[PDB]
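Coming up is one lone chain in structure tokens, specifically the form solved without 2-hydrazinyl-4-methoxypyrimidine.
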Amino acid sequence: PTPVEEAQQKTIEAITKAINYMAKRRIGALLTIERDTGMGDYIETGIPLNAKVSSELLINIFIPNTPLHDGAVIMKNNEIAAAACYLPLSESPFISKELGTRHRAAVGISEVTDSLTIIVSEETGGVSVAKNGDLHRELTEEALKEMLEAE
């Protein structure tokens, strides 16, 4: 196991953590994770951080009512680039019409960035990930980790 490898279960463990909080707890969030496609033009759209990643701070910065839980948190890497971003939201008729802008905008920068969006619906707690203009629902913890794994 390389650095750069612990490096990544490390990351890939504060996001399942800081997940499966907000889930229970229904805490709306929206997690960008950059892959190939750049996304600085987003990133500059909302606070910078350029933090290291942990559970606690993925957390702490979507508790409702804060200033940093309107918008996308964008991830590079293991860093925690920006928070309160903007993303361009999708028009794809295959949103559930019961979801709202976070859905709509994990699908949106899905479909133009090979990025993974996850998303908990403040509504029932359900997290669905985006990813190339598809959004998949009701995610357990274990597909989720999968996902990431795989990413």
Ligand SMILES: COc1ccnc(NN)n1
Given for the second form:
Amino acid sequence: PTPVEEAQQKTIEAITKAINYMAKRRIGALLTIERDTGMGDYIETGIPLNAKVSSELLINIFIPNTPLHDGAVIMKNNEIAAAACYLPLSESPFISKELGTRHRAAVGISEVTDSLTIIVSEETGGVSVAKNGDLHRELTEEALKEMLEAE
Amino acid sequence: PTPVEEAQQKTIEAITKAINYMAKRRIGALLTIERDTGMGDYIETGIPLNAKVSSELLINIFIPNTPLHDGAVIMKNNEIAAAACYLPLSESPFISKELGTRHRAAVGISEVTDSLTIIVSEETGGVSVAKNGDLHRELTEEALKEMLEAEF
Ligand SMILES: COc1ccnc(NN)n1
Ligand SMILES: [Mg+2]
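Alongside the form solved without 2-hydrazinyl-4-methoxypyrimidine that was just displayed, please also present the structure of the form solved in complex with 2-hydrazinyl-4-methoxypyrimidine.
Below is the whole assembly, all chains and molecules, this chain first.
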């Protein structure tokens, strides 16, 4: 593997470790990975970080009742660009009616960008991914890894 | 003021806001500001962040029972270089006997660098600074801000 490929794999590993920790503890989380569609306007609504990715930093960001947990982390160029960012809420009538604004925000950004967003539910610890306007629910760890590698 | 001066003032405002929040809630914290003596050897022992400073990130780092809360945050100019860093423990007899590892680590790094370290006690909420081998305890918010402004 090249240094770029090793860097992507290390980032995937950091993401999945953090997601698993939060799912176990039913900590709500919202993590959007910018792709070809720029999301600077949304990044600018949050707290700037421009931080190296680590599972530890991701977990510390989403701790309940802390400054940085309310909103979305947005990742760009293999770094955490900002935390506590605003995402647009989807008006789609085809999202499961039991879900709240976290999932609607993930679907909403997925409607107007090619980004991939990961959501951890605070009600169940379930893990889902929003892309292209659809929400993929009740993912296993292997399913999430496959989506991150495919992306 | 120059951009460098404005950035310094922003970083001091972020630090003081974080320390004040943590002091009020008895959140233990250990925050070393690198000066002219390079601290790379200690930065390398922690989790790399290389992150822009904010009061919100500093507070989130030290929340008890989280991955990044144990060990020192080391700041380099206007960045949080790393968290959960090791610092050497001082054996100075002028550290109050009731104080724990955070204060001893702060004095310890202050004996081998020109850095300024801020400590929040999880027992009392009191704020102290370690510099040049000396620990100064029970600082007011004004005293801390003045110390930080004088450092730059
Ligand atoms: C890290 O990926 C995932 C997905 C679904 N559940 C979990 N852990 N309970 N991890
Ligand atoms: Mg006194």
